[PDB]
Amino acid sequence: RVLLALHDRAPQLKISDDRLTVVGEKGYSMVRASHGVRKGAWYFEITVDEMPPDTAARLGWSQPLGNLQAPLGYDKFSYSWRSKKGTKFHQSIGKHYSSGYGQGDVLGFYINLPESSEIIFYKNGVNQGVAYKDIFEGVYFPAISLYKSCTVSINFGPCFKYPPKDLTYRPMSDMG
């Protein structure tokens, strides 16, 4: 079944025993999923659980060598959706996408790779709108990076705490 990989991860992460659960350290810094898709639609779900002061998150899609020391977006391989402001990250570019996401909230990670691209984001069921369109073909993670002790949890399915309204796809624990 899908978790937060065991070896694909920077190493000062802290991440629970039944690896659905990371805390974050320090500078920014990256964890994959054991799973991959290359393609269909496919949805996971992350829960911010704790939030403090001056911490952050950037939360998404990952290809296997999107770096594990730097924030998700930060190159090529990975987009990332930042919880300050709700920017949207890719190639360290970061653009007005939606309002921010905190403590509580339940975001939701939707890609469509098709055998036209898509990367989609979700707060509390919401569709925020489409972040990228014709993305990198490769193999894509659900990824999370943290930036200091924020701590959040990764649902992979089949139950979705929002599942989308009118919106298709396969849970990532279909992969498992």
Contents of the next structure:
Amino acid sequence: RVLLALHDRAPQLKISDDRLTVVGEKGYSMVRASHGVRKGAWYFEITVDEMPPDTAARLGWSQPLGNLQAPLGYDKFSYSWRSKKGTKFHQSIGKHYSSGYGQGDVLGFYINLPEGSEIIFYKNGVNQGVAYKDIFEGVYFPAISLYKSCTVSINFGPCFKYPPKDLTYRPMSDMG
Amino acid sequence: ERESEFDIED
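Having seen the form solved without its partner chain, could you now give me the structure of the form deposited with its partner chain bound?
Whole complex next, starting from this chain.
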């Protein structure tokens, strides 16, 4: 019920029939999920199915105005985590955050929007730290940006590969 | 296009 949005995606990205897998094409471009969140704590996972050394992803959360024809984290509307070097991006500013991630990894994506906000990334069940705090108010959508022909699969829940031990949340699938 | 094409420099 919660899926990659067909109406809200860069045309060059290749979306699977089940709308849970996406393949990138050349320069960065983005797709958002069909549902977003404004309040409370929420979670989803992305698995990197394939990612050769020349490809890359920036994954995280975007409001509706985030530019689909640019990397996630490019403008004020999104916050992202780069596979290459584990850099965090927002308004096109890259900052050190964690170690990088790649093919085979299962990344977790936590947000908390009390109404104090926080974005936390996970790698294979391991909390990589609070990336951003007190973020721009608005509705946030799970988001995927890809560079070149890598492939990733998103899971909105309710069944996660590495359900975090250290905090409470609802699966994004609760919105569907 | 480069991976870092959009990124602001330090």
